[PDB]
Amino acid sequence: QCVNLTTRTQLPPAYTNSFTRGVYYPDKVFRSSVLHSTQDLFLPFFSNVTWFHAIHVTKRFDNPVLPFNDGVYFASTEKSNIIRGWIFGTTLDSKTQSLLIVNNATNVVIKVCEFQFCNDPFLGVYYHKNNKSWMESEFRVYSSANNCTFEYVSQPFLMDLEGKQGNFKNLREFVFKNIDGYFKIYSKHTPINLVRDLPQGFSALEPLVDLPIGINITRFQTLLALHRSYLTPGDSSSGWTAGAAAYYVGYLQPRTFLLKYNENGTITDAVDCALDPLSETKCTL
Amino acid sequence: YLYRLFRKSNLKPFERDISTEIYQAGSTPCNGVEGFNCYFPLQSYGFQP
Amino acid sequence: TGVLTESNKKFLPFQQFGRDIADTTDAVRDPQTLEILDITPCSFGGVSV
Ligand SMILES: C=CC1=C(C)/C(=C/c2[nH]c(/C=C3N=C(/C=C4\NC(=O)C(C)=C4C=C)C(C)=C\3CCC(=O)O)c(CCC(=O)O)c2C)NC1=O
Ligand SMILES: *[C@@H]1O[C@H](CO)[C@@H](O[C@@H]2O[C@H](CO)[C@@H](O)[C@H](O)[C@H]2NC(C)=O)[C@H](O)[C@H]1NC(C)=O
Ligand SMILES: *[C@@H]1O[C@H](CO)[C@@H](O)[C@H](O)[C@H]1NC(C)=O
Ligand SMILES: *[C@@H]1O[C@H](CO)[C@@H](O)[C@H](O)[C@H]1NC(C)=O
Ligand SMILES: *[C@@H]1O[C@H](CO)[C@@H](O)[C@H](O)[C@H]1NC(C)=O
Ligand SMILES: *[C@@H]1O[C@H](CO)[C@@H](O)[C@H](O)[C@H]1NC(C)=O
Ligand SMILES: *[C@@H]1O[C@H](CO)[C@@H](O)[C@H](O)[C@H]1NC(C)=O
Numbered sequence: 014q015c016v017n018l019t020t021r022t023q024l025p026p027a028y029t030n031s032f033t034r035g036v037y038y039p040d041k042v043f044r045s046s047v048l049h050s051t052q053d054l055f056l057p058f059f060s061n062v063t064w065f066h067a068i069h070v076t077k078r079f080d081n082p083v084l085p086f087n088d089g090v091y092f093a094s095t096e097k098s099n100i101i102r103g104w105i106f107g108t109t110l111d112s113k114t115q116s117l118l119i120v121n122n123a124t125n126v127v128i129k130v131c132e133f134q135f136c137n138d139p140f141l142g143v144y145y146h147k148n149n150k151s152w153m154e155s156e157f158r159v160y161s162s163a164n165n166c167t168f169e170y171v172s173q174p175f176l177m178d179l180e181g182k183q184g185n186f187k188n189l190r191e192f193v194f195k196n197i198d199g200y201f202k203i204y205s206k207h208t209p210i211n212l213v214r215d216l217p218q219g220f221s222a223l224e225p226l227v228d229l230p231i232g233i234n235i236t237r238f239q240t241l242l243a244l245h246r247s248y249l250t251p252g253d254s255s256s257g258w259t260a261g262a263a264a265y266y267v268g269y270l271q272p273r274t275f276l277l278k279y280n281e282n283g284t285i286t287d288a289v290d291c292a293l294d295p296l297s298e299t300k301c302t303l
Numbered sequence: 451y452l453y454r455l456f457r458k459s460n461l462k463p464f465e466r467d468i469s470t471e472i473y474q475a476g477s478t479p480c481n482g483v484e485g486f487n488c489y490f491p492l493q494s495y496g497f498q499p
Numbered sequence: 549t550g551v552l553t554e555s556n557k558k559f560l561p562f563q564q565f566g567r568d569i570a571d572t573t574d575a576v577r578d579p580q581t582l583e584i585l586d587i588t589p590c591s592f593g594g595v596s597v
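In order, the protein sequences belong to chains G, P and W. According to the entry's author numbering, the first sequence holds residues 14 to 70, 76 to 303 in order. Sequential numbering from 451 applies to the second sequence in the entry's author numbering. Sequential numbering from 549 applies to the third sequence in the entry's author numbering.
Do not rely on the hints blindly, as some may be mistaken.
Claimed, not checked - For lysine-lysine, the following BS3-like pairs were computed, each having C-alpha atoms within a straight-line distance of at most 27 angstroms: (1) G:195 to G:41; (2) G:206 to W:557; (3) G:129 to P:458; (4) W:558 to G:41; (5) G:147 to G:77; (6) P:458 to G:202; (7) P:462 to G:202; (8) G:182 to G:150; (9) G:206 to G:195; (10) G:195 to P:458; (11) G:113 to P:458; (12) G:206 to W:558; (13) W:558 to G:278; (14) G:77 to G:150; (15) W:557 to G:278; (16) G:77 to G:187; (17) G:147 to G:97.
For the record, the hints were derived by calculation from the structure and aren't laboratory data.
So that you can see chain G by itself, here it is in the shape it has in the complex:
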């Protein structure tokens, strides 16, 4: 079952500058020491990326239904794995198929299925006093599932889902697109030690999956997690707290890019064509 969440505090939407972020490999061919040019759906450099984060301090729980405007760049800064999946679909109300990607602390599961979703889907981390152990106790994403076409379950794994206080230690970058019935996902998993906003740097994303879902996608949502413990008073709707974690969402657009490959085959630098005249001249020359 699912419970609507009550303890909230709205704020104006946070915005951030995404600079030299959102670049992925175009193909699966080993090119080294070559400056290659290409055109695709890319995140423009120095774009204005929307920012949501969950902090207790208020309680600031935010995970709305965002448009999937022909591609999405999702980047999360976390230290305790509060962000635990995504939902994609058009209506998300059992009239159309929907895609669900979830890390439930044992297996990462991908399902294309006519889900009947809840208004505020989530998962419950719980903390106990018999032992100082966090674990996942609740799964409140969808009420029902039927006519359930695609399905993948990974191997079992054990992951530290404990609440860690301090700097955000992990950046996880993801690019999602839906091309010709194929849901393409690109990933990049890098440690950091920054707390405020997007790191000042540059990392080229790798191709992960190539899922054959054949789904029309226009809207999507993030699946966050709740700590619940004796410290949190109230029922399931209010007796909870949200750990400190953040994510940023930027919309892909059709652009031309210049990419440079080092001698080992990896990307080192890129130029967003048609950003500024200097970049335009780099692009032409």
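Assemble the complex: chain G is given as a structure, and chains P and W with the ligands must be docked to it using the hints.
For chains P and W with the ligands alone, kept in the frame of chain G given last:
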């Protein structure tokens, strides 16, 4: 064996669409029921031997 | 057609073909024994008479 007879727009390549909502052919929405000027989109092949 | 020789390339796991500036294939990964080979032509170049 059934085929989708009505749709608001054409499919993208390698796209599936297994929704069964009533297709509003007319300009008056018929709020989830069949009748006149809105049809059930899936029609069944009749394969006599 | 060409000469195949041993080589030293740090191919990523998801890659099997390598291409140079001319875009012709130059590096291959043998399917059986997961090594890397380099393909060169067998007309070396200038032969003046
Ligand atoms: C939901 C989809 C999902 C994806 C696509 C995924 C991919 C993924 N997980 C990884 C490791 C890992 N992934 C996680 C956990 C996560 N990684 C995440 O993207 C998320 C959302 C979590 C947890 C909520 C951990 C703990 C590791 C081991 C490395 C580490 O602990 O830093 C790696 C890199 C492993 C390597 O370098 O060989 C990838 C590509 N994990 C997932 O759960
Ligand atoms: C994918 O889903 C979207 C949303 O339902 C469809 O776009 C809508 O289509 C209807 C009917 O043509 C229009 O009334 C809406 O204005 C459209 N909304 C938007 C945001 O575009 C879209 O047609 C679907 N794609 C396919 C191939 O079926
Ligand atoms: C509250 O929950 C009910 C069913 O659990 C749901 O129908 C309703 O849309 C929810 N309302 C809000 C504001 O979440
Ligand atoms: C995002 O950044 C650009 C340039 O800084 C600015 O023009 C734009 O107004 C910003 N977006 C919003 C909603 O203000
Ligand atoms: C959730 O984790 C449990 C325990 O490993 C596992 O049985 C289950 O497969 C996971 N959820 C789904 C939908 O598979
Ligand atoms: C979809 O679900 C309903 C009930 O579960 C069923 O009657 C119908 O046959 C299903 N259609 C497909 C294509 O699975
Ligand atoms: C390429 O790989 C080799 C293997 O050790 C390494 O020594 C070298 O530093 C790498 N080059 C770059 C630019 O990273």
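How the hints compare with the structure:
Using a Cα cut-off of 27 angstroms, the hinted pair residue 195 of chain G and residue 41 of chain G holds, with the two alpha carbons roughly 17 angstroms apart. Note on residue 206 of chain G and residue 557 of chain W: the hinted pairing holds, with a Cα-Cα distance of about 22 angstroms set against a maximum of 27 angstroms. Between residue 129 of chain G and residue 458 of chain P the CA atoms are separated by roughly 26 angstroms; this keeps the pair inside 27 angstroms, and the hint holds. For a cut-off of 27 angstroms, the pair hint linking residue 558 of chain W to residue 41 of chain G stands: about 14 angstroms separates their Cα positions.
Of the supplied pair hints, the one linking residue 147 of chain G and residue 77 of chain G holds, its CA atoms being roughly 23 angstroms apart against a limit of 27 angstroms. The straight-line distance between the Cα atoms of residue 458 of chain P and residue 202 of chain G is roughly 26 angstroms, inside the 27 angstroms bound, and the hint therefore holds. Of the supplied pair hints, the one linking residue 462 of chain P and residue 202 of chain G holds, its CA atoms being roughly 16 angstroms apart against a limit of 27 angstroms. With a CA separation close to 13 angstroms, the supplied pair residue 182 of chain G and residue 150 of chain G stays within the 27 angstroms bound.
Taking the CA atoms of residue 206 of chain G and residue 195 of chain G, the gap is near 15 angstroms; set against the 27 angstroms cutoff, the hint holds. For a cut-off of 27 angstroms, the pair hint linking residue 195 of chain G to residue 458 of chain P stands: about 23 angstroms separates their Cα positions. As the CA atoms of residue 113 of chain G and residue 458 of chain P are separated by approximately 15 angstroms, the hinted pair is consistent with the 27 angstroms bound. About 19 angstroms separates the Cα atoms of residue 206 of chain G and residue 558 of chain W, which keeps this hinted pair within 27 angstroms; it holds.
Restraint check: the Cα-Cα separation between residue 558 of chain W and residue 278 of chain G comes to about 17 angstroms, which is no more than 27 angstroms; the hinted pair holds. For the hint linking residue 77 of chain G to residue 150 of chain G, the alpha-carbon distance of about 23 angstroms falls within 27 angstroms, and the restraint holds. Restraint check for residue 557 of chain W and residue 278 of chain G: satisfied, since their Cα atoms lie roughly 18 angstroms apart, inside the 27 angstroms limit. For the given pair, residue 77 of chain G sits about 21 angstroms from residue 187 of chain G by alpha-carbon distance, which is consistent with the 27 angstroms threshold.
Distance hint between residue 147 of chain G and residue 97 of chain G is fulfilled; the C-alpha atoms sit about 22 angstroms from each other, no more than 27 angstroms.
Of the numbered hints listed earlier, not one is contradicted by the structure.
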